[PDB]
Amino acid sequence: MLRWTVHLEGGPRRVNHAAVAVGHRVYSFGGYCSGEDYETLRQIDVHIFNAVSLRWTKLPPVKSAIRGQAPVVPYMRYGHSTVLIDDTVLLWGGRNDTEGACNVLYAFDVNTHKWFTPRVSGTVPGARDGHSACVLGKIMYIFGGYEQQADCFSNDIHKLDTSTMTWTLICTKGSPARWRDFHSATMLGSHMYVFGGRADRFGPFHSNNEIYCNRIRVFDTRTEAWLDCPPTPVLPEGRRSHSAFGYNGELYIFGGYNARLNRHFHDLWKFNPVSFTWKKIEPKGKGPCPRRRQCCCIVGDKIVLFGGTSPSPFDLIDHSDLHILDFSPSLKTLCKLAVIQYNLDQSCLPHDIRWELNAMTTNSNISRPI
Amino acid sequence: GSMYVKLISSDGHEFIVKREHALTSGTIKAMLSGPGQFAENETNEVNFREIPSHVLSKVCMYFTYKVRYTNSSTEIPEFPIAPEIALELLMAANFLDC
Amino acid sequence: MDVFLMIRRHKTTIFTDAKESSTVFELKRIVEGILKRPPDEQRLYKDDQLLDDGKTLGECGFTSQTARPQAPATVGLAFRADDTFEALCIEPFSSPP
Amino acid sequence: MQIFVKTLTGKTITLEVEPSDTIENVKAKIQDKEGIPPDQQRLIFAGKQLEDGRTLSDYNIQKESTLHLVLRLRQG
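Line by line, the protein sequences are chains A, B, C and D. Residue numbers 10 to 379, in the working numbering, belong to the letters of the first sequence in order. Residue numbers 1126 to 1223, in the working numbering, belong to the letters of the second sequence in order. Residue numbers 25 to 121, in the working numbering, belong to the letters of the third sequence in order. Residue numbers 1497 to 1572, in the working numbering, belong to the letters of the fourth sequence in order.
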């Protein structure tokens, strides 16, 4: 049973980043950090966490490909989304403090690390931050977020067919999910599950009527309709900036923040779509402190959770740490944890095991403590 | 194959466990499917010359626990590992790929 | 609901599971399939207490709360020897340092 | 006169302000007392978003009033 098995420090200190898993390596793009420069034009960042060696590395800056042409790379930003389709990360949206509005689609090849901007057509969604993004086949679905130019919350779904690089504003059927940002959207099968987010209780505009959503909303991509859903007897507290992920056919949400309660979360909730029910799950081990807008990525039966923001022990801190949630700990994993906890001498273990023990107890060198 | 298999410790204890449970170990799974393990040449038993009974008994309990609680989502007791066995149990789990 | 057991005789240990509602006799049928001795040639024990064929495991004191997979409950096993039954004897496991 | 500016979390700022001060002026005062640039600030009163051009009198903001402050969610 599920257990927090790794807690490492010294990684990128980031919140409101976006990340994808490519096999056993997590690629993390951009994000915000207090005290660092989000006004002057800089290149976005790529850090890679290897979930086997448990090491963070950072890619070097993008160089100009031809003399006289600027490097092809998104500017540093936060609040953007990243999805993976085959060998390509699609990065879209987000913002910085200064450069107003960017709705340019960026593609990043996970093998060559080259960036490019595919030529798109159709109804390009307006620039925004805090939207969700997910994929089904070659289609990327953008929902929600806070539109910069229109200055409002969105409840549109824009789909990008990457086979033709064509955007479409979906004319949906059913009752749409409330305009919101910093929600999640997770594909299970052909259905998109929208949970949480900050919203306004009367409409799409800030009006000092801010609410935190917790009624799950479901979009069927086949009929392009929002579904009427049954109530559930139990449900998580409303929150924004949780992480969501789909594992073994079920939706999981972790952490986040509710501004009405002024509460950060480190709970874990499981939504089973077949029975259509919520359950709160208690992993073994300590796990992360309550926080918001971390990223979570799935590697096999493990979740890599890293970064985010939490109240300092405005007095907020941004996180450089990383946690692994193991849904199915092997006996070897359980024994490694016991050997570490009991402080036993490791010098008579074979070197393959000692390498693993070292991996799980050694910080990376991206950051030092603040 | 047979519903049960026999795992023998270095000190000659015989542990009889469900084959499905023993397959929690990648090593045992490979042994049970080793060359010639077919028809009446199939032994249904494995001899661990280097794992003593106090370790192999705990390994078998881990098999039972893992199969029982796979996909469980309710609060369950953890798997207990005493300090005096942790190093040996770690080496056995590494050898057994479990 | 389900009780997890070690059935132990001499240097043999069978790991098996059963329902609280299953009988001692059903347990003997499991032993028979593995060790090839019929139930009438078997005596099963909870510690020193001989167990009767018709009793359920729950009626014998086993409960799912006290026979968990990671801490199975022990059932002693003795076979008929010739005229009589052998003494119940469970050989201890080895010892760690 | 004095007005109060309160974020939904609970931080409360007091501002000594003139009734003829624009919304832009109020955001500048908030930056002085807290260090928050005006472009990250959104001010709401009685459910209405306040335009940088208009002044406090234009929005009928009398004494002891509380303005609701919304900040850009850089940290989600």
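Bear in mind the hints are in silico, worked out from the structure with no lab data behind them. Don't take each hint at face value.
As the list claims (entries may be wrong) - Each computed DSSO-like pair below joins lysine-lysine, with the alpha-carbon atoms no more than 27 Å apart:
1. C:70 - B:1154
2. C:35 - B:1143
3. B:1143 - A:341
4. C:79 - B:1154
5. B:1143 - C:43
6. C:35 - B:1131
7. C:43 - C:70
To be verified - Simulated restraints on C-beta separations:
8. A:133 - D:1500: 39 to 49 Å
9. A:123 - D:1536: 27 to 37 Å
10. C:118 - A:144: 52 to 62 Å
11. B:1160 - A:309: 27 to 37 Å
12. A:199 - B:1160: 18 to 28 Å
Built from N, CA and C at the ideal position, the CB exists for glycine as well.
So, against the hints stated earlier in the document, which numbers end up violated here?
Numbers 1, 4 and 12, in rising order.
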